[PDB]
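Q: The residues making up each chain are set out below.
Number of protein chains: 2
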Amino acid sequence: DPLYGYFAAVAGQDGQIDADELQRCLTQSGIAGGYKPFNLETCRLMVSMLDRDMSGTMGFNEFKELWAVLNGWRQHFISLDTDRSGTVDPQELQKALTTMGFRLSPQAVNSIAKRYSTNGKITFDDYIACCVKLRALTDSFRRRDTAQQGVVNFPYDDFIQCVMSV
Amino acid sequence: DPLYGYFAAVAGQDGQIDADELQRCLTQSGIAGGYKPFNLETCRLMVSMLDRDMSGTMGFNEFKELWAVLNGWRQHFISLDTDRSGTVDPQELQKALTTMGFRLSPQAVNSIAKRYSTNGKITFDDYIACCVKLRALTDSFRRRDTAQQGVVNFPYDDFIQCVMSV
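The listed protein sequences correspond, in order, to chains B and A.
According to the entry's author numbering, the stretch in the first sequence is residues 33 to 198, in order.
According to the entry's author numbering, the stretch in the second sequence is residues 33 to 198, in order.
Each hint should be verified, as a subset may be incorrect.
Given that identical chains are not distinguished, each listed pair holds provided it fits within a single copy or across any two copies.
[As the list claims (entries may be wrong)] Listed below are the simulated SDA-like cross-link pairs for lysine to any residue, each with C-alpha atoms no more than 25 angstroms apart in a straight line:
id, residue 1, residue 2
1, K68, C163
2, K153, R175
3, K127, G37
4, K153, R84
5, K146, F95
6, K146, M90
7, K127, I49
8, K153, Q126
9, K68, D189
10, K153, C194
11, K96, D189
12, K127, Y36
13, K68, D177
14, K127, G104
15, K153, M90
16, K146, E73
17, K153, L72
18, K153, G182
19, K127, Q193
20, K146, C75
21, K153, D85
None of these hints come from the bench; they were simulated from the model.
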């Protein structure tokens, strides 16, 4: 029985489940209660990806630009989500980063994947957060790399200002 | 009336609130339903702050250290709050960072303020996340800063791998 594995994984010593255990039991079974918004951190990264003014806010044009990009990434995610699990394999995030063409080493790409991995899988929220953060940091690095050297001279305060803003 | 402000903020043009509105109204007024855990991001940062071998996991010795550091930062947060509301203004954040030993410029503090403050102020979670990220980023910078010059030349691949992991 397919459901028994989900049951036994949360069941107590009495061989039964209570409300809390049922909540976790139903979720992994495939029955969700509803949709949840993006994490606050993910939204903050989005704002910092598109804020040219450095006001910590976003205008309407930039929002349109964000929606189109998010919908594009969602369509790619749904395409790879085989069983509507809401998660994809860590290897699949590695490919997405590579396809961005920011030119990262395999040792960098894989270590990035590791951080956004929850029990050997990456969620939709983490997939987007990782993608958004990579882009915003790359743009920040490029704004400073005026000679196009691939190297940036970072004074401590400028480094803190740069990374803490993203 | 002291309570009127919280009411009118969520009330419709009828002077009446529903259950959804009462939820947001009661929290602002000074009555919370309970405690919530740290955001997953804040916890991810904490693991990253004490990770010595890129494991992405934490041992017990490191956990004991974390708890002491957190309890210390908590104790300082409550002495600034003086309202038990669990929220603090940017000015009291600038004071808190200086005490821990941060030589950050007002410009850097401003960028932190724009990232972690909503509707005017910063939560305890964002306060902690900010502290954790600053310590870990300062450590990353410091370890690349040969002869204590306060300047680091960052290659792109190392910059990304470094900051994405924290």
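Q: Indicate which option fits the pair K153, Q126 if close means a Cα-Cα distance not exceeding 25 angstroms: within, between, both or neither.
A: within (12 angstroms within a copy, 37 angstroms between copies)
Q: With 25 angstroms as the alpha-carbon cut-off, assign the pair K146 and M90 to within, between, both or neither.
A: For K146 and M90, only the inter-copy Cα distance (13 angstroms) is at most 25 angstroms; the intra-copy one is 30 angstroms.
Q: Up to 25 angstroms between alpha-carbons, please classify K153 paired with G182: within, between, both or neither.
A: neither (31 angstroms within a copy, 37 angstroms between copies)
Q: When no copy is named, should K153 and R175 be tagged within, between, both, or neither for a Cα gap of at most 25 angstroms?
A: neither (33 angstroms within a copy, 30 angstroms between copies)
Q: Is the C-alpha distance from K146 to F95 at most 25 angstroms within one copy, between copies, in both cases, or in neither?
A: Between copies only: 19 angstroms across, 30 angstroms inside.
Q: Regarding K153 and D85, is the shortest C-alpha distance of 25 angstroms or less found within a copy, between copies, in both, or in neither?
A: Between. Shortest inter-copy distance 21 angstroms satisfies the 25 angstroms Cα cut-off; intra-copy 36 angstroms does not.
Q: Can you give me the call for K153 and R84, within, between, both or neither, at a CA distance of at most 25 angstroms?
A: Answer is between; shortest inter-copy Cα gap is 23 angstroms, intra-copy 33 angstroms.
Q: At most 25 angstroms between C-alpha atoms: does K127 with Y36 qualify within a copy, between copies, both, or neither?
A: neither (33 angstroms within a copy, 54 angstroms between copies)
Q: Checking an output row: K153 and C194, CA cutoff 25 angstroms. Within, between, both or neither?
A: between (29 angstroms within a copy, 21 angstroms between copies)
Q: Taking 25 angstroms as the upper bound on the Cα-Cα distance, should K68 and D189 be classified as within, between, both, or neither?
A: Result: close neither inside a copy nor across copies, 37 angstroms intra and 33 angstroms inter.
Q: State whether the alpha carbon distance between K127 and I49 is at most 25 angstroms within one copy, between copies, both, or neither.
A: neither (39 angstroms within a copy, 49 angstroms between copies)
Q: Classify it for me, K68 with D177: is the Cα-Cα distance of at most 25 angstroms met within a copy, between copies, both or neither?
A: neither (38 angstroms within a copy, 42 angstroms between copies)
Of the numbered hints stated above, those contradicted by the structure are hints 2, 3, 7, 9, 11, 12, 13, 18, listed in ascending order.
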